[PDB]
Amino acid sequence: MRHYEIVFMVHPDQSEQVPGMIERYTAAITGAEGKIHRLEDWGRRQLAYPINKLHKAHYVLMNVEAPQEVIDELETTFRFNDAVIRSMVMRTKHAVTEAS
Amino acid sequence: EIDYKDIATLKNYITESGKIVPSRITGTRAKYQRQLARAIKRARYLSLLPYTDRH
Amino acid sequence: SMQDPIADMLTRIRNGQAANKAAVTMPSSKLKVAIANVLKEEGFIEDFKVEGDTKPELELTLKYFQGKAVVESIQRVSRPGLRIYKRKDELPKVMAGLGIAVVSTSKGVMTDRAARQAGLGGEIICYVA
Amino acid sequence: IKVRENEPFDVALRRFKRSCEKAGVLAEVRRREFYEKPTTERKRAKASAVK
Amino acid sequence: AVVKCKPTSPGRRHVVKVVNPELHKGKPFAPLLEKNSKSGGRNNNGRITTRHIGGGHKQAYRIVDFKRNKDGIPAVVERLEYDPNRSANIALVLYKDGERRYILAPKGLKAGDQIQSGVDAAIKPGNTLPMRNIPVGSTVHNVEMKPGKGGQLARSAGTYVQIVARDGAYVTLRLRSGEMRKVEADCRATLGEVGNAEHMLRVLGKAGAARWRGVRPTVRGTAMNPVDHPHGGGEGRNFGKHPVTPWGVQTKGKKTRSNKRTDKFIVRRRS
Amino acid sequence: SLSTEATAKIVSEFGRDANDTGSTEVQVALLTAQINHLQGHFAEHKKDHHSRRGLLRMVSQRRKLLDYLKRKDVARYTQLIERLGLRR
RNA sequence: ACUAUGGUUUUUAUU
RNA sequence: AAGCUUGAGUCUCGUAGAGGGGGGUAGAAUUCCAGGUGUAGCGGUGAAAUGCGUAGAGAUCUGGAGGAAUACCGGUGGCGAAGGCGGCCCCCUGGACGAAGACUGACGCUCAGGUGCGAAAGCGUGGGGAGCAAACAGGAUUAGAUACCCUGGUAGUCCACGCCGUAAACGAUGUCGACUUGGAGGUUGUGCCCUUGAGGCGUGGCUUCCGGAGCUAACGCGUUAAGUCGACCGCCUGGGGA
Numbered sequence: 001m002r003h004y005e006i007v008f009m010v011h012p013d014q015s016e017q018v019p020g021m022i023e024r025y026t027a028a029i030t031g032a033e034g035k036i037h038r039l040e041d042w043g044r045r046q047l048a049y050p051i052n053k054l055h056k057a058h059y060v061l062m063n064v065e066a067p068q069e070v071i072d073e074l075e076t077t078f079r080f081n082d083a084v085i086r087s088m089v090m091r092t093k094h095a096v097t098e099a100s
Numbered sequence: 019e020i021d022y023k024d025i026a027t028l029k030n031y032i033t034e035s036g037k038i039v040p041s042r043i044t045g046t047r048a049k050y051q052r053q054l055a056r057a058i059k060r061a062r063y064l065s066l067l068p069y070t071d072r073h
Numbered sequence: 001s002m003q004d005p006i007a008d009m010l011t012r013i014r015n016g017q018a019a020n021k022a023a024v025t026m027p028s029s030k031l032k033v034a035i036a037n038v039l040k041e042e043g044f045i046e047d048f049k050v051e052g053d054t055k056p057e058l059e060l061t062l063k064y065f066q067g068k069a070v071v072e073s074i075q076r077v078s079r080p081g082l083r084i085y086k087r088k089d090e091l092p093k094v095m096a097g098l099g100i101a102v103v104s105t106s107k108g109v110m111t112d113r114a115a116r117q118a119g120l121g122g123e124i125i126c127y128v129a
Numbered sequence: 003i004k005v006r007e008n009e010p011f012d013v014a015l016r017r018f019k020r021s022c023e024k025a026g027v028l029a030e031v032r033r034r035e036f037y038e039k040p041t042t043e044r045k046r047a048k049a050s051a052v053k
Numbered sequence: 001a002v003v004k005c006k007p008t009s010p011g012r013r014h015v016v017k018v019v020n021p022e023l024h025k026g027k028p029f030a031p032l033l034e035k036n037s038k039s040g041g042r043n044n045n046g047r048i049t050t051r052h053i054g055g056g057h058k059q060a061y062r063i064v065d066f067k068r069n070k071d072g073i074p075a076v077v078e079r080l081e082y083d084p085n086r087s088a089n090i091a092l093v094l095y096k097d098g099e100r101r102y103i104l105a106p107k108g109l110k111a112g113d114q115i116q117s118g119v120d121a122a123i124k125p126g127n128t129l130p131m132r133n134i135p136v137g138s139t140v141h142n143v144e145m146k147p148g149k150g151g152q153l154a155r156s157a158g159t160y161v162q163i164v165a166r167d168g169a170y171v172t173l174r175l176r177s178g179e180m181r182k183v184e185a186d187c188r189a190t191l192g193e194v195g196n197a198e199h200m201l202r203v204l205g206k207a208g209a210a211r212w213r214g215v216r217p218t219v220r221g222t223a224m225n226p227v228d229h230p231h232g233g234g235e236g237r238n239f240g241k242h243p244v245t246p247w248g249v250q251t252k253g254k255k256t257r258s259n260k261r262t263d264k265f266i267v268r269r270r271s
Numbered sequence: 001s002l003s004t005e006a007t008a009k010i011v012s013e014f015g016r017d018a019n020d021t022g023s024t025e026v027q028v029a030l031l032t033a034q035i036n037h038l039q040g041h042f043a044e045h046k047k048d049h050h051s052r053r054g055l056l057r058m059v060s061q062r063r064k065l066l067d068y069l070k071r072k073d074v075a076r077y078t079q080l081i082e083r084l085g086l087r088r
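Here the protein sequences line up with chains AF, AR, AH, AU, BC and AO, keeping their order. Residue numbers for the first sequence follow the authors' numbering, so the first one is 1 and each next one is one higher. Residue numbers for the second sequence follow the authors' numbering, so the first one is 19 and each next one is one higher. Residue numbers for the third sequence follow the authors' numbering, so the first one is 1 and each next one is one higher. Residue numbers for the fourth sequence follow the authors' numbering, so the first one is 3 and each next one is one higher. Residue numbers for the fifth sequence follow the authors' numbering, so the first one is 1 and each next one is one higher. Residue numbers for the sixth sequence follow the authors' numbering, so the first one is 1 and each next one is one higher.
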């Protein structure tokens, strides 16, 4: 298995369609012996620039260990959800411990 | 190091114009200057730092 | 890289003379040591040592005189890709009797003086005076 | 470096040409070490006792 | 995508053909056909009204949906097909609760692909919705001017139009002609681009291969008697005259729009 | 490089004694595993320059050792073509 | 703002 | 030939890197498009004209597409058969090189023929065209302007696939390897030292200047040599014709 961070932004006018994706793909990772080390809300931040009429956004931090083809099949799952703005997949750095 | 989700210490290595501070004013070792310089750019893609600096 | 065992020997005996260095080192071989003994017997060097087992090293003690080096004329007058051979009657004269040529005979390394003494020819490997 | 305080008016005067950037502070005459002193002063003062 | 033919027979060296693995090649779906009767390019009194149409060869009609049948209902593409009367060709769709229909092809090379309809549609190509729902910068085809049995603007292969502003009951958009038009927003448009876009790469290699599909070569004006076409040449084939139609009017740069009525939709016309 | 296990599947199985690489055929067999893994570099992708050029470099390296096997190893070429599918 | 040129060629030996 | 394991290459753990391939993705402004606010200017040179605008430009809001490229990071700091290569993220991967052991046993180095490859420009069959722009159509300058200067603009620059194969490809020095001189600077590993160091002492790996022997017609080279030497390959006999 491989380790990844995954830290994503939620679109404030599509936001109700995210839990039906992420709380339902936790089975698709753990069915492959993978792990999700937090999936914690990082709250509504004001942005350093307006992303074309978007200036305040909600953040979530995942922390994951999985097969690489299950994170590739999660990328198409984030893209087909469209309420999420970048998955921000980043390699290695090992698993999080003691709540960071 | 390993994190760019917080910036309150990372901003110490950025100019008021948003560009990276030269290591010779901070005494920072060149391997860590390179890491901090790329970490400052990584934090722009999480929208925690601007790209401009036009007004 | 390294084609012949003495192509790095003659230069290291000729060089270091202006700084009057009393010693020089080089990698050691059967032919280098067989030459070092005759260069001591003819008074061109004062001592030679071998040091090692699997890739040995050779140190030569160089000879000097009042304000001067002693080995002022040393050349191969042959090349490893196009070697020089002579018959027992045809071994080369050097400085019309004031120098000596070095020959590799079927009885080892010796001067042309000593090869003609025995009645032998061979390969010519150095000219010294 | 850029403008960060004014507020209804600024010093201006050749803004950042031979003022506040390059000679003084690095280059040409290399005097008064203004680039490499200000952190050493901030390292040693500090209070350093009883406010 | 198109490919060049081998010189296995005379003249074939110059031929280019269109090939699509997802194209059915078998027969159309039999309940969704009619014969499409033709009036031959002539009125009830035997006189020519349309020319170059004589000498046709059998074509049908796929009962093609321009009437926006089953509005607000989702569907799926089952197969891709050819249509002799529209350059974008056709697709066959199966609707949510039963039955098929043929639709003007949205850009795509696949089947098993779903589509949505009305204000519950996603902002994705091939979906059909009222223009009052689409955001500025959106591309659309088959955009509709009035509800009815037909459908207007952006239907030829590879065409689309893009919307630049929205205010009240109307939207403002940029045409392929260079015209700028302000159209009614309740009208049902399809997202993205209309399919094929390779229709002008057709060669029609053999001189009989235009004829066997009902296409007629147009009769050259200079080759006629001067009293049957005013452009007719002399015995030495000499030109010596300004270009004209078979009805005596000049054509090189001469304008013909005479309407003064369709003002509501006008912003800035083509230039 | 080849994995420690895909290496062991040659250097601790194919030689004439335990962990033998002094049988010249083991130097040809390990390269026949490395060149098959380099022909495995593709999918995903086809047009990688350093792998298409490095694949031909492993052909140069195999022509070196196979010509030597039919030159200085007496008879061991006909004792190897029964164990390597060099003619598929 | 603001420019193009003009062929060819020469001068001692001697203690 | 058989043993040795000094030349050369390799694995385990490790180092730095704008080296290459395949997929994704982002901030601004020049531009284009539609409506407000409010007016006649804008544009451009040595100085101007053609032009954009006056039928509503420039500027400033409002609301969005379209295209090429990636600020800082950046350091005589790094990598790559050569050519050449700096966004940020993922999926693959060559070379070089460090510690301590284990291994092949000459496996090196050179190379005719052959087959390999691009910084720009061009060609085939189609797409896409902001910033610029052979040719093109104007204007000014002029004696004329094909040139300076200026408004627009095609092919091209971008993209998919097959061709093109070149150069001041010049780091002008074909290549592997060893020895050696006076003084500094930069820069990546590993050992040793209670770092008693606010950094050295060894040993690998890397690297820029300034002297000096030898070397040159003169500039230059200078331990990373054009110095000292040895082997493999390749090339050469006046100018113009050409």
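If you're looking for bench data, these hints aren't it; they were derived computationally from the structure. Check each hint, because a few of them may be wrong.
Calculated pairs, BS3-like style, for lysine-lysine (alpha carbon to alpha carbon, straight line, at most 27 Å) [as the list claims (entries may be wrong)]: (1) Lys37(AR) / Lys4(AU); (2) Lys56(AF) / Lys37(AR); (3) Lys29(AR) / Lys56(AF); (4) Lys49(AR) / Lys56(AF); (5) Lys24(AU) / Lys37(AR); (6) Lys86(AH) / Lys40(AH); (7) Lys93(AF) / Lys59(AR); (8) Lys37(AR) / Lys39(AU); (9) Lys49(AR) / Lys39(AU); (10) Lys23(AR) / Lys35(AF); (11) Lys35(AF) / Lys29(AR); (12) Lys29(AR) / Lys53(AF); (13) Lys29(AR) / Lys45(AU); (14) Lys19(AU) / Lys37(AR); (15) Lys46(AO) / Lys4(BC); (16) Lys9(AO) / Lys110(BC); (17) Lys49(AR) / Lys35(AF); (18) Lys47(AO) / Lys4(BC); (19) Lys53(AF) / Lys110(BC); (20) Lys49(AR) / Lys53(AF).
Not everything, but these chain AR residues come out facing chain AU in the computed CB check (under 10 Å) [to be verified]: (21) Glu19; (22) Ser35; (23) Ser41; (24) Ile43; (25) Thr44.
Every residue, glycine too, gets a C-beta built ideally from N, C-alpha and C.
Does the structure break any of the earlier hints, and which numbers would those be? 4, 11, 16, 17, 19, 20, 21 and 23
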